[PDB]
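Only one chain comes next, encoded as structure tokens, the form deposited without the ligand.
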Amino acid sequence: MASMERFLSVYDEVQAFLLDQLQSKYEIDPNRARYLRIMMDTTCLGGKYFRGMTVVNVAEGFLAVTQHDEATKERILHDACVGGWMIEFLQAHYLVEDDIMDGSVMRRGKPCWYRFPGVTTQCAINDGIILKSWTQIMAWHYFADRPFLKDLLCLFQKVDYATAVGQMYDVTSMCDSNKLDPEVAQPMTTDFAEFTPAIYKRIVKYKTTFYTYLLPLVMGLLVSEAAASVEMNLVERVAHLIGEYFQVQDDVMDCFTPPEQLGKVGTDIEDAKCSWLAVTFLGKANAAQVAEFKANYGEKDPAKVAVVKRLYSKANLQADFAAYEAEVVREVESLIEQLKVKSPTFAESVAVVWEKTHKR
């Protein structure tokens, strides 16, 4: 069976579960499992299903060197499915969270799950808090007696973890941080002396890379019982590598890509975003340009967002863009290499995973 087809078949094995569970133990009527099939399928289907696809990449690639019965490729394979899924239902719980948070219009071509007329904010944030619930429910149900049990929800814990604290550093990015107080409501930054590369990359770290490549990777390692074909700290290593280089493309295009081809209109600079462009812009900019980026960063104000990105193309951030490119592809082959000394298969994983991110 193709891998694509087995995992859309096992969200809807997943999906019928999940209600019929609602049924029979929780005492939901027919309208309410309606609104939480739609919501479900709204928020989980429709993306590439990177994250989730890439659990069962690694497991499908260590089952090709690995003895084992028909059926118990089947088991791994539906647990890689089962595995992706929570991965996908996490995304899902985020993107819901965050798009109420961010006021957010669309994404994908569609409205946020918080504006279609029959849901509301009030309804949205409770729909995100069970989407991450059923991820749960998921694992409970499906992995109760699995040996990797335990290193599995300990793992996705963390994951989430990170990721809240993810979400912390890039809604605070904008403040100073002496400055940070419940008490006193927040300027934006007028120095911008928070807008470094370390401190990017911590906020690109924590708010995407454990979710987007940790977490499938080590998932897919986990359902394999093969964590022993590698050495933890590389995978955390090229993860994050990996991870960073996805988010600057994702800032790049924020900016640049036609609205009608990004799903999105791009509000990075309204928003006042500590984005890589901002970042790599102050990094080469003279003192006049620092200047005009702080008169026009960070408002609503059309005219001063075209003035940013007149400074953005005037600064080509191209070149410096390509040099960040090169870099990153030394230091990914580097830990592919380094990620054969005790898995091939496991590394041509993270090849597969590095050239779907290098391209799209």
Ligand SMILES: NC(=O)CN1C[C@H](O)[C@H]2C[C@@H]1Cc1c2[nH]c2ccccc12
Second form
Protein chains: 2
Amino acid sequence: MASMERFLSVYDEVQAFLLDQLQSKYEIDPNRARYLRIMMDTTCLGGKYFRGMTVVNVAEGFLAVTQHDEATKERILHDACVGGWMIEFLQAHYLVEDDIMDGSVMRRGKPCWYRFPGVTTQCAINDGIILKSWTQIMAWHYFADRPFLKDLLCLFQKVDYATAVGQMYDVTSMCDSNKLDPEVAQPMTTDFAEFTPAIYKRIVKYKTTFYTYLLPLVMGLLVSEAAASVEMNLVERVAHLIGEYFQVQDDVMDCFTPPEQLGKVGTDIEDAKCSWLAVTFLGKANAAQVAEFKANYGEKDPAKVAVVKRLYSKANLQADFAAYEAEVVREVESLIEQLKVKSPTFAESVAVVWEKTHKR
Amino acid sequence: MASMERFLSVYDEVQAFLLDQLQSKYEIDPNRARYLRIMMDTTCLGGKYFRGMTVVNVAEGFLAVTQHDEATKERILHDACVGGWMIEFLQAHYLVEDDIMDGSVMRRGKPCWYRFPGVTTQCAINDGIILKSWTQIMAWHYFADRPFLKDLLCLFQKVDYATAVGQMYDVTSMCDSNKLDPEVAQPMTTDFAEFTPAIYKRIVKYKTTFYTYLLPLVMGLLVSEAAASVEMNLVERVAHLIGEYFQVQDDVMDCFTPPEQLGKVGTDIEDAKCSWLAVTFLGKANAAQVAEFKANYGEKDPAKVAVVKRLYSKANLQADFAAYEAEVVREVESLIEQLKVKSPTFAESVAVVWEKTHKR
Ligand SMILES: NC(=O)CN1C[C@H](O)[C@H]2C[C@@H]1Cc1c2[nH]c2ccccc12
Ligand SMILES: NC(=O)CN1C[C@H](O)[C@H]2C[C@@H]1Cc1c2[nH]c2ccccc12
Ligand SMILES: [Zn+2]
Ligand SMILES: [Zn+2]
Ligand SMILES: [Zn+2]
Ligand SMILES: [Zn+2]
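The structure above corresponds to the form deposited without the ligand; please provide the structure of the form solved in complex with the ligand.
Every chain and every other molecule in the complex is listed next, the one we just looked at coming first.
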């Protein structure tokens, strides 16, 4: 069985399980079951399934070098699929709630879920809640007697929290920290002093890397019973590095990838985000370029957004991206080599994760 | 130590723990720590702490009849407090997100959290996410080696899901079920056929009773190591009964308690909610009263809201409330007696829970 086909089949299985359980235990009626089915499908399907598949791919690496009964190999791959769907559903929660928080219009070439006519924000906040609850229902049902359940739930819990923290860092990244105050509306930064590489790294580390790289890699180890084969400090370091690179790419694409390819009109400039482009621009600009940036950043007006996009082009940030890319290739290859000391198989999974990120 | 004083002290302890951990592990800065402190305080404190205190009160019942070392009694009461705060923080999550979903203005005589000038919906959705994440961080840290941790996490997980499901039932309770469709905007019911006692019971059971009564009672048993002393089907039945009664009271107060005492302008009539008053009115009204109800329910216009409030007064729903109250007293006393068979101590805790609900 090709891994994707298996992964997708298990989607249907898990869907049927959750909807059947809503009918047999939660007194749900068929129309609300259908609404939840459509919500699940709309919010969980249609991406690349990179996160979930990584769990599968890591478990597959281990199966290739381990002795198991056929039924045990099937159980491990099933677990990896269910674990991969937990992560996909966790992502789905975040995208639903983030699109509402940000007033986003499109996601993957279709309207954000809250914008569907029969959903609205009033339902969609709650639908996002249900998405994350489903992660836990999946785990407790499929993994009830599993030796890794404790460790998986504790990991998942910490990743989810880190992610929420990172969302706070992200949506506040254009405020001056000294002024943040629930009681007082926030004038956006005028100095941009907090647009630094270290601060940027903090935002990305928490908002993206834990759920996108750390969780799938570690979940793949846990469902394999393989965590003690690896140095967890190395997994953390490589996860944070690769996940940073992934987010820098995303930031560049926000600004420069045409909307049909992105699936979205990018609005990071209008949203004053602490993006890689803004931080890097500010790391090389002269006084006049800085002053023009400050006059135009963070504003819906398209003439102002264009001035920022021009500032970026003429700053030749492509060069900085290529230098950043070269440094990450060094560090990621170094980490892959260190991982080979205790697990060559896992190191290869990490190499695959890196290629799929690097090329896309 | 009076139980409240202990409960409140443990709030400070847990707060310090979560904020210190954000600084030592999550790279948080002091201004964002302060923002999270104020969010926690605003959203978690100021109510009656009925839910959390019930956990304490049930654990206290058991301590009174059990032999324990002093240090064990302190550990059980500390656990009960932390467990009680999990529930308080879970409630806080729901109120934050519900107030946003419903576009509510006030909560406990103060602006809803999303309405604070330095919060906004964009932050508040996420703050509500963090609230629920904190429940899990508390459990894993305080209960890491506890024999009940599995059972507590699984229970909490199921209650939270039931609650989310119940929120879906509540916000869709004015739609015709046959028309619910994510793709199509929802004309509210014209027939009110789904305003029935059974349907009403389904909404309240899921939206309120599991988190308000079932979870605190069962948590109190789990932290006491006392769950096998009791018939869980009876706990469920009494929880659902008392929690129904609590919600009927709430519904009556929405409509008839002046706003300064409620802490809120009630909007259930404008919001077309399936409330006890609407269902009960429809259970006794004549044709002309029904037709006048349908012409005015579910509309902001204050002349229309007054017509509905008059319809309710002149229908003498006070009589139906008194009859409903009498029946619940029978059933709750019956259940309390059945609970005495295996645990007289627990039955008394349930009697206390009932009195605090019945009188308030
Ligand atoms: N009328 C506007 O659209 C202004 N707009 C709002 C964007 O949300 C965004 C960027 C900007 C200012 C701002 C942003 N984010 C913040 C957080 C704190 C303090 C200021 C901001
Ligand atoms: N302009 C208004 O305020 C109309 N108002 C909106 C209230 O939210 C509410 C009651 C009503 C109709 C409605 C309600 N809820 C629903 C769910 C599905 C379908 C119709 C409704
Ligand atoms: Zn966002
Ligand atoms: Zn982006
Ligand atoms: Zn509500
Ligand atoms: Zn109410």
